[PDB]
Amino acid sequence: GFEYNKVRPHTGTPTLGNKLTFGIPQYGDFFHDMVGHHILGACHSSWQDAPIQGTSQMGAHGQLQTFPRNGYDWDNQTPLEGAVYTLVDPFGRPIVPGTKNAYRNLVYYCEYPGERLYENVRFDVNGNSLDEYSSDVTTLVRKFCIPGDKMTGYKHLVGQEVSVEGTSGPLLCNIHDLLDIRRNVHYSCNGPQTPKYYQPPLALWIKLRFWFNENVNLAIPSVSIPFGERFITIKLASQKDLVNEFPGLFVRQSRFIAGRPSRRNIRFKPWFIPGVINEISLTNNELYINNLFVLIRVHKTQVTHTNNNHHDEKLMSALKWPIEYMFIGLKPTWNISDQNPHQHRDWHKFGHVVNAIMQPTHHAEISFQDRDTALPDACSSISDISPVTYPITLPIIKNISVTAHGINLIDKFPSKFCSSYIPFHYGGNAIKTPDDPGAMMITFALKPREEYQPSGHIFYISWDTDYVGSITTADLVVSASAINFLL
């Protein structure tokens, strides 16, 4: 019936940042689904030296890193009485400053690195690119198309970590009604997105998304066009777009405040100087093709730059054929910028991402005069070394409209109508409601993907905004489910 075969690359020695070519062989009558398999090599950063006290130095992202003298604030000029500074590692072990080869930075991967690895995919027959897509289309259609019963396998395929459940012991935890033992549940991550001293090799399986990769009845015949000209070209992402560093050194500030009660504060600040990650190798580069032994839906994509104030119209130039539905996302440029220290986390998000920061502290309160006992004698406040960060994604688009030749066809729907209500009502089991508030769905059929036969089809797109200005530019990603004909 069918069999999976491995194909080696036609290029030879693929590298991060360059192109990669596969040639489809002559094995079966049909072939429908293809998957790419790569293994990214192990990663670590270089050894660095601990600084002397009262030293400075330029760090990551154009930010000053400083190790102040005793008796001063975080800046080395302004005095702060009773301040002592030491050096720790990210887990609290001392460092003894001035030591050469003292510490090492930690390394981690981007979120969903298998979706970021294939930066551009195109399919050629004597030139003549029959289909072509990028990674923004992949991240936009994951949020609508992958069901949720398939999500934990997809995260294993693209190299995204999953949280693991753990339990504590029993507790007392009384019941009030207007006693019973009870157990806490905790969650913990361990994968490639967790900063480690050494990352293990990472196996990535990337599903190819063409029109014949979807169904078995739309598989192209192997002898209808010869095997000597069918190629698949993939432009890969660079190493700097895949791996990132975490600071391996922290400055610990202990401060005594005299008085009643005497307070003792402990705070932490990262010392982040960028090192050199070793160059990642690519081994076991393979393409698994499912050969079969015995109209079409072309995903049409377009990305456009936007920098105007308060409202914008863009005409859809590349869209040609009749369209059943489309997915629209406005992604800020700063989400994929190298000046963003949260590019590793926000590259696939379609809104403005802010960060809530919780700094949990331990507090203690000791009294010993034995006779005063109104106010205590000593207070202790100790912070954790790194805080807890919560990403909050806010939508960019306030109102949206999609206009035809002359008529309006949508008169300024609010963005929650297209982000929440249209995926809730339309689609059935094939479309889920996304967690991202910036991903929107526009429908033109009453049953978009519950069935395979067109139930309706079909050019400006206009929107209002508060975010976009001259420096806060954005990109508009449009992925439309068109209909074409193959012969």
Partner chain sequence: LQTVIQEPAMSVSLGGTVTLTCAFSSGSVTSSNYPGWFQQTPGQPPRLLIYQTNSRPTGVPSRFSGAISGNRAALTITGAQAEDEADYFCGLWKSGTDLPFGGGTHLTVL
Contents of the next structure:
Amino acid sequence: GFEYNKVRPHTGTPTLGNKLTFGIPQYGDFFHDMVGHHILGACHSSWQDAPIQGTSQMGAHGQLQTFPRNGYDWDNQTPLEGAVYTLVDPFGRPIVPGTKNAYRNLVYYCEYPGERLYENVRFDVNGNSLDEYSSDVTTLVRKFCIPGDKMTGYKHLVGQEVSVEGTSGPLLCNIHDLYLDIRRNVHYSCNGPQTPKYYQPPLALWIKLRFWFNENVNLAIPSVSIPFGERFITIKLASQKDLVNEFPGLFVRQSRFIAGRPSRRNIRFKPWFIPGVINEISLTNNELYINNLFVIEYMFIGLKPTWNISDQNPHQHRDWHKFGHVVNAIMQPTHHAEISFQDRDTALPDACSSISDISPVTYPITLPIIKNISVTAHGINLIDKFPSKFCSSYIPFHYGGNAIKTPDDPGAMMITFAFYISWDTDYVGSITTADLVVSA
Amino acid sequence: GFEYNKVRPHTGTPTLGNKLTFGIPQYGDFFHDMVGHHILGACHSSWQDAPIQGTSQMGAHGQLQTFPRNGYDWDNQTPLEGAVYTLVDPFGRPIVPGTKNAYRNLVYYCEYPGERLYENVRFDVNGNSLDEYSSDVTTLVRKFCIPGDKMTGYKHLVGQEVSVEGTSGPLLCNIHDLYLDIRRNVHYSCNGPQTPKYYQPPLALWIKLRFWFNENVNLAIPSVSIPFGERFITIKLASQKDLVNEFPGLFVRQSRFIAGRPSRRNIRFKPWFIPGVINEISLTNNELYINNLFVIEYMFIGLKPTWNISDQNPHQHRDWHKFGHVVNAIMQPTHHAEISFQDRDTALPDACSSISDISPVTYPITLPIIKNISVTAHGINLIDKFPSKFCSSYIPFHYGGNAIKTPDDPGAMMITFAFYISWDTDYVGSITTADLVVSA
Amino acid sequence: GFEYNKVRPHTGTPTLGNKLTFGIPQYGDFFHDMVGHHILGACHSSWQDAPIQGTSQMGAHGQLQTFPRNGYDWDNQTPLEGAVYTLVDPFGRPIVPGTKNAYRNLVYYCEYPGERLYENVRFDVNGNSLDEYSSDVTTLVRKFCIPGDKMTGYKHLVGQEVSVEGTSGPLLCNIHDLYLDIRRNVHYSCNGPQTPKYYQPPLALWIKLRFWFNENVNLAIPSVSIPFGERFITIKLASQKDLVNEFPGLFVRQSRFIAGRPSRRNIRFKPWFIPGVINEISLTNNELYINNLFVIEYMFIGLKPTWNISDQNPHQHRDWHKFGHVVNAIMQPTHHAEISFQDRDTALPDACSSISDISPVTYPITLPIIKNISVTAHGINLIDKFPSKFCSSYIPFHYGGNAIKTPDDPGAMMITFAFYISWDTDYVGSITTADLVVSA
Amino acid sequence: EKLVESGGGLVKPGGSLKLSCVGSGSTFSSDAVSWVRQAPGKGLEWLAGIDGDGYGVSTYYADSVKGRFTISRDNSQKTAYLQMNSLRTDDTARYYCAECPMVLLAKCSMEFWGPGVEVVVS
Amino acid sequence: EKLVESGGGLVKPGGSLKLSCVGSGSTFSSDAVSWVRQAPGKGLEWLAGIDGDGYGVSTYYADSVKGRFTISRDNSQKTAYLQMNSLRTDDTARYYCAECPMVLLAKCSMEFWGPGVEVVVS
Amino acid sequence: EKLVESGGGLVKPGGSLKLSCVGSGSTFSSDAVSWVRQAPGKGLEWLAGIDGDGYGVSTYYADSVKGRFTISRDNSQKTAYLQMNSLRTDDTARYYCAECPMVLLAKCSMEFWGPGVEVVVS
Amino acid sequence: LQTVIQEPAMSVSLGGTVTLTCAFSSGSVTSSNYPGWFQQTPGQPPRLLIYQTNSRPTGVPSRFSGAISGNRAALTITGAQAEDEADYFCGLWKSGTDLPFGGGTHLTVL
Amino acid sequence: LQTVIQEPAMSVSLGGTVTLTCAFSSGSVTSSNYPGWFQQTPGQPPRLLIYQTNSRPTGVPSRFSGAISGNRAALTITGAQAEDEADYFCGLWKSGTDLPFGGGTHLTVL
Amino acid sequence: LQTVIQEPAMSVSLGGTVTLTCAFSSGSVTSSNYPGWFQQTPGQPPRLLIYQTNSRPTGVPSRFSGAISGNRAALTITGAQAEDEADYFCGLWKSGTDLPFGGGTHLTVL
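Switch from the form solved without the partner chain to the form deposited with the partner chain bound and give that structure.
Full assembly next; the chain just shown is listed first.
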């Protein structure tokens, strides 16, 4: 027999960025798994004023946002022949300059916000912390030991959006062989917490606590082995600025007419990003579900640049978990058209047009930061100068069985034994290290 | 040793919507699994006449189809400035109004047509039905107990289409870091039975019969346990109108010219859907591959709105299996262009154009209908007012092992024990319930 | 204890298309798994000349490439009204006719180049080959006995590209129920070795050797059971012409003006593909990693047309591994626009435009080549006249457990027993057969 | 959407005449034009008609006037012309235009009408 | 971007006048035009101005001239017009244009100026 | 695709002349024009030529006439002009156009020809 | 020949209900002939009341109705008024290129 | 009323530093008024030196600076030259529809 | 200098095969010179027969052929007729900016 009881926070009304404590009661003869349930409240941003043409202002991350005058480039100093600048919404809806309380920034969350919330978990027995981990071993656990069939449930628990598939109408095709056919196109879309929205609804998060006895039903420690009043759980919740971020709510639209033959019209866009204030997020229904039952050979290593988690990173919310050097590739699709007004001379079009989109398409590309890794021992040299892809890909592929999944990031490495990690690196900068020694 | 021999229908020449019977003979000392093989015939629709401008007719599902006059809105009553209406195919090929036998509707199938076919399966031994299930337990077993590694074969057996991948030519990109590159785009398409086609080729269906002894090779019942002449299998095949459906074969094209500066041209489309007659589908090669070998702790609950399966639902063929409240999100991509005819005043374009597509892109979004679920017993409360996502997501994720897959729908719930399902609901309407008690 | 030792090639400086030999030494009491590591060098093509208008030249596979004159069709003989032909790059950058050393072709690799490299592997003990397999058994192994969770690592080892996901900005949607929302679009892209590039960087390949004792850690043969100097591994590397291929670096742009009302402008493209010379690829860091540990019931059959691997096949690099008849479906997306210059008569647009892309979208569609298959026995008929999909789909789906994955190709069949393969086809041509008898 | 007729007057027998119809609508180029006549003391009689842009433009005629009358269109100036040859003494009537809100003329509507011009043959 | 003024001359009291301003820039149709006058021996005084294309075009006036002056724009010919009614003896001054490098006139810069024309009332 | 030539006649020595060539093809603006002459009793001699739209337009000349002749194009009116300065007594010949079915003049074919005009210097 | 016939004249009391009929000489009128009804106040161009046997253009009162009764085309005026004193025409679309009108029926509102 | 107040005239030594001031009659000048500064050599149209209190249009030397000091707008010329002898005007954007200028200050370089 | 050399005159019997040759003064003719062959019936503009040494424009019979033999350009007429009696010109594209023609060979069909 088993039922899930409730445990209330001992501290009282927790906040984002402060210690939180649960007290473990002895209700059943064994306790097996623990789940933390939290409900983050609604979010939005403050109203802002529209700029005046010619204004330059210091934005986020030391970036200067400008609203250039007519006939000047994006720096408001270099002349341009026919540029005209207006203001628009992220969806193309116009805005009049100078209007008070004219626009709001959009708000979105981090990726896997249910994993960044618990920045530190400790299980204390009158002090003497039996176990303690951070929000780094959780990333290794999800990248290695989660089967993959159960990714939908896990991404639902930690509040990560899942793409939804849609279809189009029938279309004609011409087959070749060495004929016509009807086919459909398949598209994907997202609507979760990570999509920038004007108003983010309350978010419910379930977070499973992972101690050495929680792995198996037969290994759960008793609730009587230790005196009743000494058991405590301490959690250091992450700050609000590490969970929510803002997306620009105002764009500058540039229209340029180039004279000649063909005469051309070009339309481009540039964000106007000035940070605002997000209201305080409050945690409600903070509960701990404890299940009451009634009567070395592996190591995962992560090499993460410090640039990933630094506050000066404009993309830290996306890249806070990736193990590698992340660059960005930008597609900018464009609608092109050519028109001829007469039939006397038609070698070249009389007019052209190229319409751009308000926001581009961004692809994150992760690259390795390690060429050779060696984990020496005081007795023998042990692993020596093995290539990165040997430890990253081949070892998980061969060893492990169905339990260990082959990771995706190039920086997540795995080595088998049956403690001085040095590496060769062409990347200049600080590098963080995470470890997880497990036996299977 | 195992040999797959065939069994013929006892009734003789089955039809779509009537009882079907197989008689099991004693050929081997044991029988392990049952597979039914059917071949549904070809399908098409009947020819129809093109309408006359100004006509309104009574369409399907109580919807009024109309072909408005020039200068009026879609309701043929509200004036509009410059609307002009013509007729087209789904592929843009024109049609002249009034022509006799001018077009045909397109036909497609349901999703997973091999699961709706067996609406009811009974195993009888001179009466006294040992087992009996419907076309709802099968949906639960495919959403829970199918590994997902073996989903391509299952989707091939029941006649469900799979998407095919394709690529484009090389394209240029500008990388950023805090450079140029060549990349390819990846697209997907579908060509299966569910794509609307003028003529649907014959469809072969293999359907596996799931009785308690068919789960494992060691649990199969013998063929000598019960007297020879009493074994029978009874199946109630689904009707024809619950398997195939029609898609419009005629569209009304509206072109509107808006005067001023910029002068604008808009092109939009609207279906003209009048139901036709689909020929009778005949089952052939109806066989049963009986295999002759030669010598509680789980509950899955699905709560389905009655709107999903009602004949008045315009999307019942898509949503007949989903456990949740289904809404639709429609995206309509558009080609936009602006042209200027001179260089005197170029602040605003001289002309604009917006071209739509004949059919939009539709995303089905499933939402939960349950906030709290309790399965009480005469002894104690057991599960009491637990949230929806705890039963939907966390329970499959933790318990089960590799056998149980985490479902995708918000209405499929799992509860563990080692019988009065009440729920709290913000949705007004009837709710169907499906249960499946299994032990593992 | 286990560490990976390195073994150097015995022959000395391997080349692409010649025999290669390793000599196994006795270092540990057992050897478990063997991995070959190679590093293929950089690739590129030679500079070529631009053509002169009116030229026709014989290209690859006996195809005639032409650069038509003004006012003629693609065959340079049939008159056309207003065709004008110029030269461009794959990215639209113009090229002047007659220029010396004006363009280069692009180079790409085969699909799964790490599997085509080892065209024949032999294990010799003073002759007397204990085992021998080709590059066809490996394809069956990957299509059947690889779990699927571990496919990212495998595709990284053999140099097969993996798609990367990106997102766009927020977009507005209108919901319907029987309301507005913000959603995102999800796209995919590729950048691996199989994407045509001007310069292909060096490619590192790890290839696992599969002998009967390598399957399990407990079944690895000892290094002492056989005399020390008799063990040898022989590998016949594939030729350079079977690993890399070229993509056109020059395109012909046709622009046509059609007079009347509406006046129309059409732009289309056609490749100018003349083969060049690719430099010799050199293998470096050729190593063998030997693990030094310190102290019938299944058949997979693949039916492959000889057209798949024939040198005259323009798509042999894509289709060298597919078990079926492969056709191609081509989509050609187009940008369309309509413009009206006045407001007197506006029934029909005054001008139109349709712009095509330089390269189309190609989907490979695989179709079965077998209708009935029978593997008879000298005693009884055994499997007789079973349909193709019974052996391709149902048998893997039911039998096998989690080990056997359900394949994706219609030509890969599996049959269970506890040797004369005949088949019935509607396909005329040569057919190749591959077999792999395994017990589990 | 209104119409104005012009070009009607006394015609000597055996002559030829041309009647013009000017429209001032927003969809005149996508509307089917027709010509109707009414002898004094009799009922309406349909004479000829033309289609509108959007499909193949074509001209339809009655049986009593085919070969003698010709209907033509001019969308640039928003005008419809009727040319009548070999007028007989039994053609003294009143001629109206009729523009439907439709493209094709087969089974039309004939909503809008013009004031008409009184043509006399004597 | 330069400007040329014309239409200024001696005007009898109680009359009306029109002044024209011709621009030869590449963005004249997207620029805010304004009129500024300067009496002899005094400081500049702003009179009226109009917006540019891109939003709703509107005309703003001062308090001492509202109801008597009217500013108009003509982008086709690249011209701005000022119409002055009921000129008094205290209007003898010099009038300049000021083409803003901006779409809206509110809180502008007025970088470009023209030579001006000497309007006299006597 | 035919050509019509004009502007040829008797010219006093030391004068200047202009020859015009008018095309009536559907791709005249994308075709390379050239001018050829033939003295009586001799063979053809190539003089000058111009490119077609699609790339950079340029003019090429021979060695015996560079600096004295000038070839120009006018696509709007479908015309090509040749201006000849300082004509000598050894230029009495017949002048033809040659419209290439090609964009660039380099290594053309010169399929189409005109009837020619008789230019005399005396 | 296919000619259109109707009653030469009809009468009605003010505020009453009166039905006019229209027919072919030999054939049978169905919904595929698309009958239309026209009114002509003397000295004025004809005005369209009923098109396609049921629909009314904007600006026509709801007291006018049209239908097909047996093999006849019927127009019903309910609640007659003084202004209704005029002539009524029925136009039938036989084939696809012929529109023979009717003789014209004068309606007398006493 | 809201009127602009300046000094009547000022003086400076060649190569010196001189600051002109501009103020409201009753209110307080802030950065939301967007003050601008104009120069008018005799016989020539006014020329713009400072807009938005710190920005300089192209073609103006770097010795001209502007700022807001306390509740006044200040223009500073450092390193005066002979040509600088002219009149200076202050333009204040009060509200969104009125631009009252200043009296105009004559600068004398001794 | 680079000048074109042709035979002054040739002869052929009716229905025979005759080959005309065209050469450089010092260099060697290859396929990169793109020789062209022209025919000029007296009183008429020249007409193009062979371009790029192998291709025929539409409207020219198949009895005309062109090739490069050794280091000369050869035009072969097989099955001569009466109309073929005219002058033949060879034009060679040396460099990319000069097209020197030939002296012209008169062909006589006896």
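Positions refer to the first chain, counted from 1. Residues that one form lacks are left out of the comparison. Rigid core: the largest C-alpha set superposing within 1.5 Å between the two forms.
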Query raised in the report: C-alpha of residue 18: shift of 2 angstroms or more between the two forms, rigid core aligned?
Result: no
Query raised in the report: Aligning on the rigid core, do we see the C-alpha of residue 475 shift 2 angstroms or more between the two forms?
Result: yes
Report summary line: Between-form comparison on the rigid core puts the Cα shift of residue 386 between the two forms, in Å, at 0.6
